[PDB]
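Taking the hints into account, I'd like the entire structure generated from these sequences.
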Amino acid sequence: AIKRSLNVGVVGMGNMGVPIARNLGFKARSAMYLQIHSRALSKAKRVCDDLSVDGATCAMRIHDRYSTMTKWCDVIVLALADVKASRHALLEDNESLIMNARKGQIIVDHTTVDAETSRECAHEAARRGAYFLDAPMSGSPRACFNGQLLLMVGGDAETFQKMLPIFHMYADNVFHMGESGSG
Amino acid sequence: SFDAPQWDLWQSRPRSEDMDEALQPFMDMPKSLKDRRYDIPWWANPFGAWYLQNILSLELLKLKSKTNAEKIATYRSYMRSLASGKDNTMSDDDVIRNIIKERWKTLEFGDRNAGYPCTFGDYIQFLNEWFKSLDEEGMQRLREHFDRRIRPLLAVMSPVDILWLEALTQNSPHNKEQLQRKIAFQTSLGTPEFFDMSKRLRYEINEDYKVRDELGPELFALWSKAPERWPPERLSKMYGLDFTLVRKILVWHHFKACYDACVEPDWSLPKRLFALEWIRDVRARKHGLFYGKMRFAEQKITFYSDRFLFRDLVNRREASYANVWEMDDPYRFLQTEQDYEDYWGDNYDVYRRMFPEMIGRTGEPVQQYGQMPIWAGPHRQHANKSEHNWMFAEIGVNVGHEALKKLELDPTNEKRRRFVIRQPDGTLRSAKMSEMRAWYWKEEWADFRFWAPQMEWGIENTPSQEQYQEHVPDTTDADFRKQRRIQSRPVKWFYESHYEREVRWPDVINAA
Amino acid sequence: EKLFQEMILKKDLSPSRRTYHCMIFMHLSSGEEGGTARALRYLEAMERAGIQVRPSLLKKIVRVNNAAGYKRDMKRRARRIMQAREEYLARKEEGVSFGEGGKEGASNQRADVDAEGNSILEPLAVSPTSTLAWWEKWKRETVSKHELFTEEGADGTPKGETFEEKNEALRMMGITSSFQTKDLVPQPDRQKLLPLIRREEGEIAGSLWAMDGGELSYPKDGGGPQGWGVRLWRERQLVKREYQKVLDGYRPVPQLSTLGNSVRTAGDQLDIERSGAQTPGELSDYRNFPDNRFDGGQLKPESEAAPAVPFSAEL
Amino acid sequence: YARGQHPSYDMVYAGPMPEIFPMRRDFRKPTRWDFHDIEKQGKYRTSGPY
Amino acid sequence: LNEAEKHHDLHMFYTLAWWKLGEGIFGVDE
Amino acid sequence: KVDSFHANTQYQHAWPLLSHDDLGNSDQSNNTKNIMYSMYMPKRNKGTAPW
Amino acid sequence: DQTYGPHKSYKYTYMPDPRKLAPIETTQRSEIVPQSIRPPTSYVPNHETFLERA
Amino acid sequence: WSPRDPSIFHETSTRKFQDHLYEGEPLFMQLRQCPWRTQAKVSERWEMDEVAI
Amino acid sequence: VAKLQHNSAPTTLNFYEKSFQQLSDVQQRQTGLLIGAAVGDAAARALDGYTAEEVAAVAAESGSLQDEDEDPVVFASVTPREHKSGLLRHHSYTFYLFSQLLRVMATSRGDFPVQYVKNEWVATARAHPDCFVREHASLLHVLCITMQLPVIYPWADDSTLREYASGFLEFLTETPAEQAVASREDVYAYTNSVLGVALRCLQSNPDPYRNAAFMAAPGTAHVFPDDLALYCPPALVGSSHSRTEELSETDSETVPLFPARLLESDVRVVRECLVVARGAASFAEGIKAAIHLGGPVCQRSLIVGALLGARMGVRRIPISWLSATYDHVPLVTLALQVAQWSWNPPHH
Amino acid sequence: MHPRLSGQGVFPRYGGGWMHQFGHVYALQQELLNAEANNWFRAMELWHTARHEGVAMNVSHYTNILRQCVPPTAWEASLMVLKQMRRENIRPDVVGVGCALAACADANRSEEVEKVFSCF
Ligand SMILES: [Mg+2]
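Protein chains in written order, with the numbering used here: chain A, 1 to 183; chain B, 1001 to 1512; chain C, 2001 to 2315; chain D, 3001 to 3050; chain E, 4001 to 4030; chain F, 5001 to 5051; chain G, 6001 to 6054; chain H, 7001 to 7053; chain I, 8001 to 8348; chain J, 9001 to 9120.
Keep in mind that the hints are not guaranteed to be accurate.
[To be verified] For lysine to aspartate or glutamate, the following EDC-like pairs were computed, each having C-alpha atoms within a straight-line distance of at most 16 Å:
id	chain 1	residue 1	chain 2	residue 2
1	I	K8003	C	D2112
2	E	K4020	B	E1102
3	B	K1286	D	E3019
4	B	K1182	B	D1161
5	F	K5046	D	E3039
6	G	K6008	C	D2212
7	C	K2159	B	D1035
The hints are simulated quantities; they were obtained by calculation from the structure and are not laboratory data.
Have a look at this one:
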């Protein structure tokens, strides 16, 4: 019950995850604590270095392991490249985000996956007590820089209403398709 | 419907496989032997089984089980049957500590079947997979244990003593006999008279850690309950440590409590405890060049050169603080916590750079002006609204002097330098205090001591009205004041002059 | 001041420069209002009576005023403390805090519902076993800052400067202090080897001030002139300078360390563990006085030995 | 009032720090919103406390 | 660029047998 | 690809609290160990320095 | 985990000017003054007639 | 306007909205104009007061 | 602490919201006597002339509150009856002469004679004759005008304030006839006592209603509450002989036209305003208790809104009430010019 | 209805010299130390606004309060001042003690003269 800011983490610095992290670093003015995950710590250091040199409005924090990313963040957002990387980061690893999810966390997956992966992700997140949204993004990294991305969010509607101010920082056309798996 | 199992040292939490190696011989190990390793419990290691068998069980003997009492009784009987005169009467914790010490002494690294509990490589694997299972607080406690105990011994011991200790670890007779032939190995071993300095070095390091970890929460409680009753200078006087050390203890304790609870830390606290230090020292630094430090902010004359400048300095230091904090009278205008978080958070470098002397506010109130009537009507009502703010400042003979800056920006001056700002919606408003000071030369200093309500007024500083009557201001000899008073008052009476004659209320004929 | 004006007016004695300096520094050191204005009156009385005004007096006036700024700030903060005490005693009887304790704004505007009715993001609650949660609970559940002391100090200052008032205030806050008196104060000004190490080489601890694991000062892992070997060699050279100071009698003899005892001859370790000697001087007294010890080899205290007094001291 | 300049002598300097290496001889910038650009150009003697 | 070292040489000092010299260093201090 | 090459070759991390000078000076009560460097700078500058 | 920057007690490690992080609002002239288009009259019925008269 | 671009980091550069404070500008937003509503077949404007505030 | 940027949240709720932080602790009480009377007179405008039962019918006919709506008594949506002249549809006639005195006070840069304001006051009475004959030379209307006089110098004593206000109390009670009033000195003494209440409010006096009762005008015990009536000085014996001179005429059919309301009926309204403003916990709650009394309700909330704003400053005034005031755009600008120029008048 | 000394060449140099942000502090100090003020009731009220505004008051402020209590013979007011000077450890001068001694002697308070004489 401590009055504090929202801990928001971005997992995966790739083709699309880096402009998402830059939009969350620029357009959030002292309203969130930003966490940046990568497999190599030098890539997260480079992303935070560019965000601090260009001038960001929030404080940022690098991560190398998924356990610290799970125990620190209230909101986790994954923007990865392959379905294998997202399935490893969410389900297959020992320190994975959904299998070790705390009560009340919200995990949004922007990586385009299959239907059964998102089904098992939402089912095990609801079993752990957390919330899972699947929101596959449509657009270029230049369109992500301009804040214009297409999001099709599947999951809870109240969780969608909570996550709309974060979704509007990097995506323009954000639709709520319904239950989990529709996006 | 999932219950997260509680994790501790007895059963370690499962970790990932792509983690970096903590120890140096494991980073260059080939990956086939990395895949050869099996996921076993921590006691399945022979060193871990040894530590659980003879060390951890004796620490578990301190609890209230009956088998612990039987083992304590037979250990007392064993140590009394060794020799009675040395350990005649001591408690159960004493015999537990003694047998723990004696079993820590007799640890050797050989073959597991030759009579020795574990090998050296099993101990290295235990150290590597024990350091891998540590968090940031675990690594912090590991470094604190290094600084408290191992660091003075490394500061005292010679490197040949480190080679002797490594030969004692590896326990190979060939390596020991190859080291024993060297005369420089045998002669350069350290003397205990020099080795006794490690006790004093260890005591000093543990004394600094007792300053941090033991006096720290007491200082934090005394400063966080009533900071106006126990300021940091009062704590620095009553405990005698230092001023900056007490403030660093407070900052470190708050940031340590914030970092260990996964909470974003309050960044305003180093701005509140090191406010003068934040304004003086904290600068933006570029990469490929070196910087300096100003000894003084201004090229001035000294106050020891005259008695009157000396008396002015002593009277100003009387009317000043020594240290100003968030609860004092210059910071009494922060009546809302939103203004508190706005002043101390992310804009303190701008808010302190407004005015050099600390005043009861930060700027000036903004008032707006009236628009002159445009006789073309609504044909030209669109033209004042634009895209940007249009700021206009005055110049002239009377206006634009750096020596008269605080007089030309004085709102109680009738010849004030006129500023105007047209908003993009057409509103004509006055300028803010930083907006008025932006048109002059830069003034990049700050006064963190002098507070003007603390000035002396009863003994020596007594301004008399007869001193102001020595100028002999008269209205009959000079009529500029009456003319400005005539220019100030309205001229509504000029139209109802014919409507001595004095103006009365309108008489009603309907009620009369 | 009474004896001063009785000396001046009645006995017509001209005061010396030292007793003028005493009246200057007494009003300067006192934190009451107008002490500087009276010290300047004494300075004027020194100036117009031919008493010498030295520059050392002026530098000491500046130094004593800057030192007594603390007493001035304490006597200024005590007035606001008494104002807040009177306002707290008023508003706890008027009952405005009972109406302010009911969070009707938090009940109408909930933590999950904004002013319009949408769902907002709420941060997750921290673990109650953490330090920050206990600090917030200690902020909320303990007594107020105005109920700690009813009256203030004897001379214009708030209570809490001494250790009895500090321990009483900590008892009212539910904290048993580990440091009751100033004898249990670590006193880092007594350290001799540690500031010598911190000045030349650097911080020997490193991880003493570490927030998240990056503010630690440790040597590099590559080696060379920045590696661990040169730093440990220079630390050993500084400890060798201190041990050379020990050998020449400038420093006291250090006690027996565990590293020193474990490298000794085993007979010396046996004599130390049977005698309980802390310093090697106690071991020398144990060996050179074999009739002093007990029957279990334990060392007798120093007061139980009496040397032979020669009669040649009676000359 | 005709004595000294400012009675404070506690002026905490809040501006940028001087650069000791490499020392730049000329500071000439084409500016857009600098109304003191006449006074900010010309050879001036750099002698102060520093 | 430049990479801040994780100080692995802190861990190489724990490979030594400090229990032979300090007689139970790894436990709690007395 | 144009952002990965342009690293921070321009800025540096800021001064910490109670930091020293690059020449070794510090803001203490005793300034006999600290020195001034105005006599090492050039005597006249074309323009106006930021300090 | 660790915060970016060696200081870890500062919100911004490079410590920029706080006026750099201040936002910039904008307003188009089309929100202030609209742009209207007159229809072609009988004197200039087409756009080529308008270019011929000019 | 990123300050790690060496053409923007240079002290004589017009890719900044000030002179002596810093270099570049972090993510400023400007508004263009779209004069393409006349290319549509039916274009109307509905004057209604703001109701959302 | 800071929320995410969403739903186009405004930076400030008013033009002068952050300008109130740029005042001192006495200047927030100087502007609180000015702006606080402007907020209270604008809040009780729609229920002016309503009785105590008609105000309770407004609060009973609308029982829907979503806990962000305020009291329907304050800024009511009811239909007005005469519904108005031009500028008086947002403030009363008593406030029109109040704002004209503030406009002269802002441009005179300090203290000023009564002749600077005599021509602007008679222009509104010439324009509004129906509102002039209803309120002229009455205790409620005279006290509301001269309420803003200790803003010129709040550290003045009662001897300086009553002497400066005496020129203003003469012209507000003077009518061009020989049938002036029932008593000049009773309206003078009742006004000087409540002006001592607001003088102690700008000085942040502990219990300002008690200490103003000690230094009140003699014979003014009825304008104070009953617990403070023991501390008031009694009337003079020579002043009681002047009351026998009014009874020596014995002309009950010859009733003076000014004031229209009785003087003793106006003492009850100011005494009810001193009871409400004394035990008022906040600025908004003290105004809501003032409009529930009914009657001359714009002059009720002008007394309570000035005395409460003088106690807890302009920052304790709700900023949503300031933005709903129609006259808040020039008056807060005029209130800042009075508070700035009060400490250095150019004439002396 | 004006501060008797406004500014611009009447306030000392070490205070900056007419800091207009503290124009009310300059006007309040002249009302506290007004030698022509004889209203003791305003003198107790003027202490309560200097206490609220944070105005530093030396022994000359309390001596001006104790001086005004002797012609109305306010013996209760003279003891509440000396209680406050003892509460803040501001030692009264002999002129200030003589005012409270004269305020209690003319009110036939013989028991209170002897206990304030023995204090000093
Ligand atoms: Mg003047």
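Hints, verified against the model:
1. A C-alpha spacing of about 13 Å is found between I/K8003 and C/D2112, which places the hinted pair at or below 16 Å, so the restraint holds.
2. Straight-line distance between C-alpha atoms of E/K4020 and B/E1102 comes to about 10 Å, which keeps the hinted pair within the 16 Å bound.
3. Straight-line distance between C-alpha atoms of B/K1286 and D/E3019 comes to about 10 Å, which keeps the hinted pair within the 16 Å bound.
4. About 13 Å separates the Cα atoms of B/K1182 and B/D1161, which keeps this hinted pair within 16 Å; it holds.
5. Between F/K5046 and D/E3039 the alpha-carbon distance is near 11 Å, which keeps this suggested pair within the 16 Å criterion.
6. Taking the CA atoms of G/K6008 and C/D2212, the gap is near 7 Å; set against the 16 Å cutoff, the hint holds.
7. Straight-line distance between C-alpha atoms of C/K2159 and B/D1035 comes to about 67 Å, which puts the hinted pair past the 16 Å bound.
In this structure, the one hint that does not hold is number 7.
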